[PDB]
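Here's a solo chain for you in structure tokens, the form solved without this ligand.
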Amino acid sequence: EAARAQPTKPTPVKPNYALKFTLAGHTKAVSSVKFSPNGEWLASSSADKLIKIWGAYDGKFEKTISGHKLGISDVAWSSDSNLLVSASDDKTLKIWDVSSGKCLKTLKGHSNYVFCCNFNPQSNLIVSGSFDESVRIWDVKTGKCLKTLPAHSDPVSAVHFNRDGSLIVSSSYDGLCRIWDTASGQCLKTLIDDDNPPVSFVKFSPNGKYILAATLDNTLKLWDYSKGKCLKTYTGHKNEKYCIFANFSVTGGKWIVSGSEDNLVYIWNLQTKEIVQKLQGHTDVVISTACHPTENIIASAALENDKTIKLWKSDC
């Protein structure tokens, strides 16, 4: 209670994530969970055609958002935490007012399931990837498609803007990770290696220098996209069948976090590539993980035999 009255070789750090809450309510597989940028909320999407909003710190159910006619594969937040965008099998994205639950815009243009979506940092744009093999860039304000990029020759598994919105990275079962100029629509670089497995996920690092890429040979890799080379490889998990989300955990220790088809959340040391924790609790494939913006909190979500989201917290 008073600072003066309190008493004062490096050893590797490991996190100590422990289960705090299980969030149930979806009636089919959960597909994606994302924390709001302001840290207050978690949004989840599901095969049940619903989005649900939950308290990030207490896991308290807040609301259900509905309107899509078929199941939903992804959801993402605007930078101000006020909007969501969702990507559905109904071939549309919808933009939602989080406070009201209302659909503000339906984004029509894709000719097959919409698989992945994200706002840019400005949040004037949304990027989407589809089974129709295209990446589309949309105007948030008008709902109009601004550009259709003939990006891939198979479904687009992920799309992500870099920290200033100047680049988009896309991935596909076609084996490619492609980097696009947001303004011009031109492909600036294609990351390719000899092994060339299907690419199931991609995301820029927070500092924008690296790209984390998941491939369906049970591997995650960290690319330096400027240098066009692989810096790090993370293995030990199972990933041959699904587009599982992975993350840079930056609030405490510097980790890579992923789901896995063995029903665990995996956490690796980014530099050493050693697995530092495996989180056991889910009863089906962990399709999605997300890391809280400011606290050492992970959200995880699982497929049809589980249908729950779990919140885990660590001291580091």
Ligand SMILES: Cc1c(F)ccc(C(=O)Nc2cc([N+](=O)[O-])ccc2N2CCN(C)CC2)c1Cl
Contents of the next structure:
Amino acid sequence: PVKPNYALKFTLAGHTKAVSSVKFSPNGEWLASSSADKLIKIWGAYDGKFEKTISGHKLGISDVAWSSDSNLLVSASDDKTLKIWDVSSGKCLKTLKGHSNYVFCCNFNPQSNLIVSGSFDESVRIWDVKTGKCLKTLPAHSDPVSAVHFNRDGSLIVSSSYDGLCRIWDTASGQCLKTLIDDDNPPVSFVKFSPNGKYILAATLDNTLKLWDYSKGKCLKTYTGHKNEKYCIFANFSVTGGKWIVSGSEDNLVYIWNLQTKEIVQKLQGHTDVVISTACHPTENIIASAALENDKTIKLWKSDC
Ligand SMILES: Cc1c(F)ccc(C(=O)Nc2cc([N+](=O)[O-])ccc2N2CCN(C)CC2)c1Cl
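Starting from the form solved without this ligand above, please write out the structure of the form solved in complex with this ligand.
Full assembly next; the chain just shown is listed first.
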């Protein structure tokens, strides 16, 4: 339809400090969350039912990501490591050591034989999942790296940084293939490829989201009306029903825009602190949102379209 009708269905409480990231498993069954409380929690994606806690990091966790088969998780921590987890057993399979400071972001490639990470140390690292060895260290940026993401076939990596740049990397060679810069270079707080891999969605700490044609190297859409000047807030493409852009905001709301018209179609009220993370379910019209220290809860919202 014209607008979605997301309504609050479940509030997931359990973390005792700020929640940093929420991610749906590719198979749609689970939600994983990470927190400053050093814990990963697993929850039912459709019922919000608490499943289990996964522990081991020595400091707070900034991000979590699923393998393509929904069996593994990778986490990125202030303790300067990433950990690879077998979700079913809760086992830490590997600890990925190499970054010299806080690890902020992580992702598996589609094949899930590789992990990419970004750190406060200004590097992007590519890791082998099976051995846990660092395969490449990319001298990616001149300030902390806020996000890293593989494209649809894993041949490219996009990275964003407080240095105001988005960079595109060849996975195989580690070569920088593109540096994206618009009219200014405010800190880039988030970036990801579109599902089809033709565009990149990037957030900057000037209350702006932008859709880029990275190949042409041109900004196609701009999304505004939300508050984002301090925190690295995750954004998403919603594609299960109407085509939306979804993001958290520092006014405690989840914002939803029409991708094409750039109009705000919904604002979701409920959280009591900054909404730092949102996720969109892979097959159903379900959004997960998570908030910082004064809230500590995760919310599941559902729409008919
Ligand atoms: C709750 C919590 C932690 F326990 C640890 C780190 C963070 C955090 O702010 N991570 C972060 C830091 C920077 N930075 O200072 O350059 C940039 C990006 C992130 N994040 C926020 C969480 N997003 C899922 C991943 C990237 C957060 Cl929110």
